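Number of protein chains: 2
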Amino acid sequence: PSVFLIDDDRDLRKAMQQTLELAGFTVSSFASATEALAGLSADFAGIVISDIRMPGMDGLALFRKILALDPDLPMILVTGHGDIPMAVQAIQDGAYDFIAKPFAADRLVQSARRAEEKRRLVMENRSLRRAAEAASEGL
Amino acid sequence: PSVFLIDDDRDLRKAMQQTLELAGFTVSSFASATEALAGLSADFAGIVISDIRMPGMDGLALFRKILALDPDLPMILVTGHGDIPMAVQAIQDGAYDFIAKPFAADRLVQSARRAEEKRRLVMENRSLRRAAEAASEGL
Numbered sequence: 224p225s226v227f228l229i230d231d232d233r234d235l236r237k238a239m240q241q242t243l244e245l246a247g248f249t250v251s252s253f254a255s256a257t258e259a260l261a262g263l264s265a266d267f268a269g270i271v272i273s274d275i276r277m278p279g280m281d282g283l284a285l286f287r288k289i290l291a292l293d294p295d296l297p298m299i300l301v302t303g304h305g306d307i308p309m310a311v312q313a314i315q316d317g318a319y320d321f322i323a324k325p326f327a328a329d330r331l332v333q334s335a336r337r338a339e340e341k342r343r344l345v346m347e348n349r350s351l352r353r354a355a356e357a358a359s360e361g362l
Numbered sequence: 224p225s226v227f228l229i230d231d232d233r234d235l236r237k238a239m240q241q242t243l244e245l246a247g248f249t250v251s252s253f254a255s256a257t258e259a260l261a262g263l264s265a266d267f268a269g270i271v272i273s274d275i276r277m278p279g280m281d282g283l284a285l286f287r288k289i290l291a292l293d294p295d296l297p298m299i300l301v302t303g304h305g306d307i308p309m310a311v312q313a314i315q316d317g318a319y320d321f322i323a324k325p326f327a328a329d330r331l332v333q334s335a336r337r338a339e340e341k342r343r344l345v346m347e348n349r350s351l352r353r354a355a356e357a358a359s360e361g362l
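The listed protein sequences derive, respectively, from chains A and B. Counting from 224, one number per residue, gives the positions in the first sequence under this note's numbering. Counting from 224, one number per residue, gives the positions in the second sequence under this note's numbering.
Derived from the structure by calculation, the hints contain no laboratory data. Just so you know, nobody snuck in bad clues.
Given that identical chains are not distinguished, each listed pair holds provided it fits within a single copy or across any two copies.
Here are the simulated DSS-like pairs of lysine-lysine, each with C-alpha atoms no more than 30 Å apart in a straight line:
(1) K324 / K237
(2) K237 / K288
(3) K341 / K324
(4) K288 / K324
(5) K288 / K341
This is chain A alone, in the form it adopts within the complex:
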């Protein structure tokens, strides 16, 4: 499983990366949503975990960009208590889930695992449909 992790808090990002890696995830951490987005595509087999607030492109801006690329590429928003209402609205808008700070390591893991599961199922579904069409065309 893979994760693109974005947060402006250097220390929090490192703690989050270590937790995810020890949980079996391959993590790519970024200090900027823009840099992270550059590596994303509808072919990305992982998930995105981003703070809702960033000094540059914020978390919701990144979310909208991801939604356009592939609505089934899960985005988990990391948020402070004050912004929870915004995160809840984002979920209604298509975001996968949110995790409120401060959060426990095992909780970050359970949230990421649910998102990875959705992405794994979506990619498996697409792979199966590709095979069906490939077989159908051959015949």
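Based on the hints, put chain B in the right spot on chain A.
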């Protein structure tokens, strides 16, 4: 989307059922986990939402029974603050997610929708594999 809803609190169960129905779910509500389990099978296309505590078969007992029937049939546990640690352990054990009481209607909806999404993808995956094998055998 369908949901098997189990809770001992008659009033809470009715409020939950109304919220889910207004969110587009077809709901079957039960006052006993035993009665609910009787209608479940690996063919069930919906999800289960159960209180972790019940005077008879409790929520974790129902969870273990469901896990045996089909680990991919999502179970969401409804829990009081005091039992959250037990719910977290249940998730580590295979449960889908948990919702803490008191909870807002829109939050119950977002949790149920994520679970329904997993089940929908799982059933679609199985349907596709069935078709592939059916085609392969015919040829």
